[PDB]
Every structure is written in structure tokens, then in C-alpha cells.
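To start, the structure itself, in C-alpha cells.
Removed: one protein chain of the complex. Kept in place: all other protein chains.
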Amino acid sequence: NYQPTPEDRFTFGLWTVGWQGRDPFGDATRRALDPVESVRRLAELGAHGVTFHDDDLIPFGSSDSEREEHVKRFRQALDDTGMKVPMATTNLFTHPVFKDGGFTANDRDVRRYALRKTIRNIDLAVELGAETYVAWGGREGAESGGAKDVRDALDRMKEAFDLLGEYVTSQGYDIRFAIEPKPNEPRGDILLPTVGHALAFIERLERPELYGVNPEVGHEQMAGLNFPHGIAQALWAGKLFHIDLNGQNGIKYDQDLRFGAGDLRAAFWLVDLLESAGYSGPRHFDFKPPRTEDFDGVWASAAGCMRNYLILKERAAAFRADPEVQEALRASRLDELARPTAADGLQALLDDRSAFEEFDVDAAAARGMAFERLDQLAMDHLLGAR
Amino acid sequence: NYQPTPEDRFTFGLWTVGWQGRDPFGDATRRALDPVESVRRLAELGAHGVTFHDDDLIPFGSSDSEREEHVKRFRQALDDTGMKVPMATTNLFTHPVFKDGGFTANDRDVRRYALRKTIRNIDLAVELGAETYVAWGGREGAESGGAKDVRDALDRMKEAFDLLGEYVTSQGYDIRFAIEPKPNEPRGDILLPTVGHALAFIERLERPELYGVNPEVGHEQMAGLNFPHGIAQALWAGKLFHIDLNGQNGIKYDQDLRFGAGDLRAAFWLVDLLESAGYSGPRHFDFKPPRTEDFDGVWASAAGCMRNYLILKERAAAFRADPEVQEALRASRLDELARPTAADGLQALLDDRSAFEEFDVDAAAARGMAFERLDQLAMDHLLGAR
Amino acid sequence: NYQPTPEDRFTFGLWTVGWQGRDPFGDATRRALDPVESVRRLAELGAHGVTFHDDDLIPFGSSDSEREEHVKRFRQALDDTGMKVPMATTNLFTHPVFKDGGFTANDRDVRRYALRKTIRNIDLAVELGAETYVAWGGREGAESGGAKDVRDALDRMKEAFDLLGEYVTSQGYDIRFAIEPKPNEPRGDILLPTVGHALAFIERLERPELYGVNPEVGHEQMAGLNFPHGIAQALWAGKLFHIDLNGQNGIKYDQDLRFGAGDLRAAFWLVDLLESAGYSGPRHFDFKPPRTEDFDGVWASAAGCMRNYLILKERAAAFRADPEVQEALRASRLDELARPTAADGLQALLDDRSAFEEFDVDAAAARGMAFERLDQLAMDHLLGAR
Partner (left out) sequence: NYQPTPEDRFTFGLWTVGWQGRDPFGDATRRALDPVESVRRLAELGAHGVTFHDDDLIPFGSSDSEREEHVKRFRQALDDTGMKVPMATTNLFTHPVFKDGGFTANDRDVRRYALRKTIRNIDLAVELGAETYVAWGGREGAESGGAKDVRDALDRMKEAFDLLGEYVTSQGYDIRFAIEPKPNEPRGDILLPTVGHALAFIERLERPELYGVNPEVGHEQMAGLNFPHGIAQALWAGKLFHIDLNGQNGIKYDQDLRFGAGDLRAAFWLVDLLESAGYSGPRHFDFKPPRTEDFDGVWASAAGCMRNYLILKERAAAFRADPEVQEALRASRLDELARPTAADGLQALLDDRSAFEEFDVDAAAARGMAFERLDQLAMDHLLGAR
């Protein structure tokens, strides 16, 4: 079962199924895919849409006539299949000119070029219907301490994002930005390394309402963080504008495994939170079919991303709907966690002897939280062992 | 040389040199220290002051007469030595009542008690002259996904911090709060796990100006992050209200080694940034003399925290003052990083053919950043090998 | 379903369900358990047996009459329940005398005492029927580089293990040793940090046949390693004498979560390998019910260790027995991996033009490994989604 359809809003980057398998130690293992063929294959699997970097759709250095033809073929494939383009982004990391950054390159001419390259692709993104424009500053950072003054780099990164907000406002575009954190790789340390740092940075932009985050499962896990907890803080802040789904085994190079691989229980709690919270954005996969695979394995890996999301969605819904789980959640006081601490106000709390002088600390300490019984009901639901 | 004096503003927690050596697998290796003796010994070493949790100064469950006598003896030791108390904090983690949290415990009665316990110690902190009140929510978090809804927990954590801000405002106190992130330990994941998450959270409090961060070297390193980069983002945001200095070897349990141990080059770049930025707060050590040590080793370890800061301060100042380093920083375009990208404005950037149509991308890509020569001058300065 | 019975050979340490909840930052949350009560409760859950450190069964410093009474009560509980004692071990880590090690303490008198304490408990272990005697050198190591010369420490560690082998041989005992690696915690680095280092060390003991490894899920995961791969290398070497089962979330402090928690897919592949290989030793749990729990939560957490093993055993058996998986394993050439590379011999390989001069490297490179389809069949079996 678990068959995706376009109504599930699953999307994939052209660069995901199109990854040719080159890595730090290895040459390509697959031929390049035409974006037209990836749109057709993904639609056959039940995807809703695709996303692109500028340079995935239009080879870098293309003439205007070449650009127009690449976009015309791609639009025909979208129209032939009903696929959408909800998100686009800029490649500010592959070309050697970006070796020290795009928006925070030490060279000022490079920073200006990075902005012009981004702006040209925002116009194209809006042409193709994108609602979200992602920015992953993979080259922003350093391998050594003297190379990059981070307060000056954050001043340049704020100027860049502010200028992009002024551009979209000036054009009357509805598109919003989603900043994608990553802690390292390819730079030794990347600026805005986690969801928290990106959220904090956005609050200092001139028009914060135009910007949110695009967290990626594997990126937060490369810092050993809890990805569902970081998504909860982004939702709490109203800033989950987009999300990248994949798998990662803890603290390593960015593996980009299919979604559901890597930390399976974290995938379960992530789906439980997105579905509980009513997240309505695309369920986007930023993954790489392993370079061991041929094209049949590429499409099997892409299909597995969607299948795993739909299995986990069913099991998380059954967990939350089970009367036995609902009783366990009240036994563990999840209902009390959702009640205000002191709606009575500060003076009432200060005058409340039950909160201090007559609080029986030992009786409260003795009360078990019952978290292990609750977690084994969660395990039983995930494994289909109820 | 490298002799600290009280003018260097070095401070230590009572619980640092007073740690008796109990760990997950081991009993105490040292007897308890009277706070009066730790104040006298630290002052002899050249410290400026000390800090405390409530329960380090006044044993938990003390009567009012016992509380008054503990505080009177401590005040006499401060007066005898000239030591200050710049910071205090609450212990919301040791007693079993806090096993699921203080401010975000699922039990509402526990959350109210945690607030009352904190408020009682804010009054004492102000009595003793503290300017900063730290909050390390070490028990806020979870070992399992169903135990803690993080959006509800952040709602409780905001209510708690807002009530503390209303209390200090109502009393006319000048004290400010500093939230201390940690990614895990003792909980499997701790809420507000990094400097970024704490900065983002503060922006949603009702009176954000009252709150900053108290980052700790080892805590950000437990997530594999670059501690100088996170301090730069806190400085950029105007939120470095306090800092905890120690050593850590990467991604492990919290080691709390003396400052300068663990990642030595990160200690160098940290001191370079604090001194360059003119940070004026205490240089506070939150460390543990290893449990292998006797009391002579406790004081040698405390002395080493201050010595290492002063050696690194000298070498970072010599690096920044060296004409050869200043020329290397211009060769690596650190001066251009500090210039605005587009003070000419968005329309001028859009009309600038030198930023796109006539930008020679290959000539810019060919220009080396000269970062390795700059970093080996930094290495040579740190090692005294110029 | 998934009800364990003593025939499943599940065992637990007294110190697991008996953990009182003390951690680096927290006091006990549960009262001490009498070993007699833990034997009765574990037997009711379907355990096969229990294991102990000397000091869990006989308080440190007990008189001979106290020792005899503790052992007599424990033996009565074993006889009343039918529980076994397959393994015992020494506590060479809690008492402050072991602050720098037992067998590799810098103090020679401490090393001799550690050996005498171990030998006294080997005699008791044999009295109680244990076949395996574990040694976890949690204090062997260092926080600083000058404190511990590791070649001298390995010379002391080999002398200690050789003397223990001479003792068991001299007594005619059948018991064998199992060395338990851990990479860090409580020492900053622990000697013999992984399964590989322990296996390599054993090959240099005088009677290597007497020693194997007791790997623990969470310990290898604290180094970011693949626990099933390390168990495969221990099985390949004939050295898996015992195993400790629990859960861990990657690279952190040792969490000791119940088995099946932490890395669930690694738990699946571990059970698949132990069952495929016909491992016949105890399935021992070295875990800690979280300190949030009361005693009801302790027994629920212990029950969950066994339940998760039995669910994973069923799903791994169904995976290996499924004709569709067997066809996928041949499509991925798992059958060819198990065939000798060159049973024809070196000269035949050198003379084989199909291995070099006429090997079509591009045709072989083009053949996909089909690993993603195989892994999604594994995912579907684990989740009960076939």
C-alpha cells in the first residue's frame, strides 16, 4: 500500500535523482539526466513537484537563447505531467569564484555578483510559480580563525538578505525566503550552523516576516541535535517555511540518505510533529541515491522516500488516536505541560504557599513520569507490534 | 610571568573548585570545601570574584537562621579578601523534584516551585551585588519523543522567563538574565541546545532587552560547533552578557577541563575575539579539577585557567599588532569583508555591469585567498615561534 | 505477543534495574533495591538470569559474616525463581582508590589491590555458576597526555590479564574473560576504546584463547561506529563471548537507554546478525531505566528491552526467509561476496586475462548494486509494511 499521489505534496530537487555520484574520492557512476526525464519519472512515482538551483536547470554560462530553450523544455515537461515548482534556489557554491562564499566572500566583487546571480533566478522562480526561495550558504564560513571575522561576515549576510527583501518588495512578488542552516561541509565551519542560529539571525533583518528556515534532517543531525526538537522551535517561531527530508547516521559527512534511512525513530517523531502541527508546505526530499545504484536504483530510492513518509504518517496517527496512548499521555502529564504555569499572575504566584512554603517536594519527586511505558507504546505503534 | 590580578576580572563558581569528584561511575575523591575557604584560596590566586548556585551557598532545606549564618560567613570572606560576586544562579537540576525539568517540568506544581526558588535567590543575588543572573535549564528536555511536546515546553519556558522579567522590573533591580545553552547531558536532548537557539528564543520574550546568553566553551563543542563563531554571533546580537570558560575534547560528555585544555587553538581565537571586541564582562571559569587531584591540584588547575587566558591574550595581541600579520590580513581581503557590499543601493547594484554582465568570474576565481600563510603566522604567534 | 521466557536467555545486571538515578548533575530518584527483589521481579518478567559486580551483591567493606549472609539470601532468590548467574564482574571504578585505574593505575599498590579484588570475585562467580567474567576498565586512561604513558599502561594491562589467566588455569576453572571496550567516560579517553583495540590486545596475551570481548551497543556508538559491523568482526575472530544490549543516540555521554531505543535500525541489523550467526550466549541488558521513572517504570523499561529484541528477531527472520528478499540478495551479489576471490590460486589469477587485460571495467562499473531496493525490503519488513 502506501502509494503516494500528487496530493501528498512530495517534491524533489533536480540535483537529487540527478546526482551523478561524484564524491570527494570518486568519479561519476551515472550519466547526467535531462530535467525533462526527471520530471516525467518523478511524476510517474506520484511526486507533486520539483525544485532546482539555477545551474541545475540552465548550465552555467548559457546564452540567452540556450536559457530560453532549457526553460521552454522544462515548462513543457511540467505541463505534460501536472508537476509543480514550489521552491527554487541559487547555486552559490559549485563555481570556484564562490570558494570563500557568495554573500560573505571576503572579495566584495564576488558578494555583488552572488546577489546579481540570486536576483536573476528569483525572477525565474516567480515565472515558474515558486512560493519559496531557499538560500543555503554552503561556502559561508572558514577553515581557519583569521580568515573570516564573523561579526563582519554577519553584517555582509544581513546586507545581502535585506537587499533581496527590498528586491522582492519592489517587484511586488509574493515569494518568501527560507535560509538553510548546516554546521560544516564544505567549509570547516559554516555560518548560521543550526536552525537556532538561522532563526536568531532572521530577527535582525529589516523585514523579518519575509524570511524563515529550510531545515534539513541530516544537517541538524551533523551537529548531533534532535531534528524534531529544532522543527518544533521553528514552528513555535512561525518560521517553518520549507523543510528538506533525508536520512543521516549522526555525526559524519552529509550522507543525504533517502528519507526514513539514518535515524528511523527521529523520522517517526518528525512526521508525528509535522502532521500534528498541520504543516502545509511541501514535503521536499534533498537526498542522493547512493552512487552504488543504477537508474533503476535511483527511482527505487526516490520511491522509498515517499513510502517511508506515508508509513510513518500512518503509525504516528495511530499512536496519537489510540485510547491507551491518550491515557498514557495523561499519566505522564503531557496535558499539564500544555497548561499555563501561572495564569493567576506573578503576585498570586508569590503569595501562593502551595508553590513554596507548603510545597511537598518529596511527594512531587516520588511521582514517576511513566515515560518508558509511553515510549514503548510509541515503539509498538511504529513497528506494528500492538 | 602571566600573573593574574583582580583587575583581570577572573571569576569562578563555588561548585568548580568545590567539586568533590562524584561522576556517573564514581564516588567523591575530595572532601567538601567551605565557601569561606574557596573565597580565601581563590583570592590568593588573583581571582576577582566568585559565583554560586543558591544550594552551593545555603544547603537545600536550611532554616532561616542557618541561611542567615551561611550568608554572614560568606559576606565576611568577601569583605576580608575584596572578592566580588558578579553572577549568581539557581540549582534547578540536582534535587529529584526537578527530574523532568524546573520551568518546563510536565508537572505544573514543579514549574511554580522552580519559579519561587529562582525568585528567592534573585533577591539574594542582588543583596550580594550580582549584575547577572544565569539560568542553565539542564533538566529541560527529554530522553524520548512522546515525553515532551517542545512547542508546549517553549510556551512554559517563555512564561517562566517573562514572569522573572516582570519580577525584576517590579523590584527596580538592575540585574539581567543570561540563558546558558547546552545540547544534552543530563537529559538526552536539552531544550535551547546552542547559542543560536537561545538567542532566537530571547527575541520572543516580552522584554528581550533583559536577557542575553551565557555560552560555555565545552557546551557548544559538545555539538561540534565553533565556539568563537557562536560568541561572534552573540556579540553581533548585543547579547554576550556573561561567558563560561573551560576546555572540552569535542563530542563527548561534558568534561569541564580547565580553560586552555581541550581545543587550544579555539581558546586562542576565543581570547582574540573577546579582547578585540572589548568584552567587559567577567572571565568566568565553569570547570572541574579532575577527580584524580587532591586540593593542591584543585588550586593548580584553577591557577592554570587564568594563566592560559593571559598567555593567549598576549599572543593574540601580538598577532593583531604584527605589521606582517596586518599585511597578510589585507592580502586575504579581511579589510574588504568589513566594507558594505552595496552602500550604493539596490538599483545601483542592478544597473552595475561590473557585478554581472562584465564580471570576470574566472579572474576572480583565480585569485588565492592566502589563508594558509595567514593561519601559519597565527600558529607561529600562538607557539612563540616567530 | 512477544512474551519472553527463560529459554530466550535474557539477562540483566543487578546495577541496571537497581540504578537509583544518580547522574553528574543529580541526586538519586529511586530507593535502593534489594538484589532478592530484583531477582524475583526480573524472573516474573521472563528473564533467564542476572549478573553482578562484586560490590552490587556484597557492599564494599563487608565482614565475612555479612558477605556470607548477602550471598545466602541471593542464592535463595535464584533457587526460588530458577534464575541463573551466567556472568559476573568486578567494580574497579567506583571507589576513589581507583581514580587513576585498577589494572593500569600509576600507583603499583593500587594495581596489586585491583588484582586481589578481582580474584576474590572470580572465586565467587565460579561458586554461582558464571561462565563468563567481564572486565570493563572504565578508569584506565587519562584526561591529559603526560599522565599516562600508554605503552607502559598496556604492559601493565597485559600483566594483569595474564595473571588472571594463570589464576583460573591454576584452579582448573572453566570460566573465560570478556574485555569490555568503551572509548571515553568517565576518563577523558579510555584504553582499549573499541572492539578492534580489545581484539588486537587479546592477541598479545599469553593464553589468548581464555579471552574475548563483551561489546556494548552504546559504547561503540559513542565513537560513531557501526555496532553490527564490530560484532561481525568479533564473530569473525571467534571472540564474541558475551554482549551488552542497550540504546544510545550517537556521540554523547553513555545513555544506557533500553534496548531498541536509540538507533533502531542498528538494533534490527544487530539481532539479524546474532540470530543468523547462531550466537548462543546470554542476551544481556546493560541499561538504566531513566531517572524520571518510578519502580513501575523500571520494570516496564526492563520488559521493553526483551520485547524489542523479540519483535526485531521476528522481523529479521521474516526478512531473511522472504523469497523476494532472497532474490534481491542475489541481485545485489551477496552470494558472490561469500565466494572465494581466487581459489584458483595466485599464479592462475596472474595468468587470467579476464582479471586485467580483457576485464571490461566500464561494463562492470555500469552494473547497479540494487542496494536501495534491498534496503527498502528491509525497511518494509522492520515496519511490518509488506
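Residue numbering begins at 1 within each chain, and the chains themselves are lettered A, B and C in the order written.
Convention: a contact is a pair of C-beta atoms (placed from the backbone, for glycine too) under 8 Å apart; a residue touches a chain by one contact, two chains touch by 3 or more.
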Filtering B:6, B:208 or B:250 for touch with the omitted chain leaves B:250
Out of C:37, C:324 or C:352, only one touches the absent chain, namely C:352
In the full complex, chain A touches the hidden chain through residues 21-29, 93-96, 98-100, 138-139, 143-144, 147, 184-186, 188-189, 222, 249, 251-255, 257, 261, 290-292
Note that chain C touches the chain not displayed via residues 95-97, 99-100, 103-104, 106-113, 115-117, 119-120, 141-156, 159-160, 163, 166-167, 170, 183-184, 189, 191-201, 203-204, 222-226, 228-230, 232-233, 235-237, 251, 265, 268-269, 272, 277, 319, 325, 328-329, 332-334, 336-342, 346, 349-350, 352, 354-356, 359, 361-362, 364-367, 369, 371-372, 374-375, 377-378
Contact residues on chain B toward the hidden chain run 1-2, 29, 224, 249-252, 258, 260-261, 263-265, 289-290, 292-297, 300-301, 303-304, 307-308, 311, 315, 365-373, 375-376, 379-380, 382-385
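The definition used in the following text is that only the chains that are shown with their structure count from here on.
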Distance in whole angstrom between the CA centres of chain A and chain B is 29
Going by residue number, chain A touches two or more other chains at 224, 251, 265, 365-367, 369, 371-372, 375
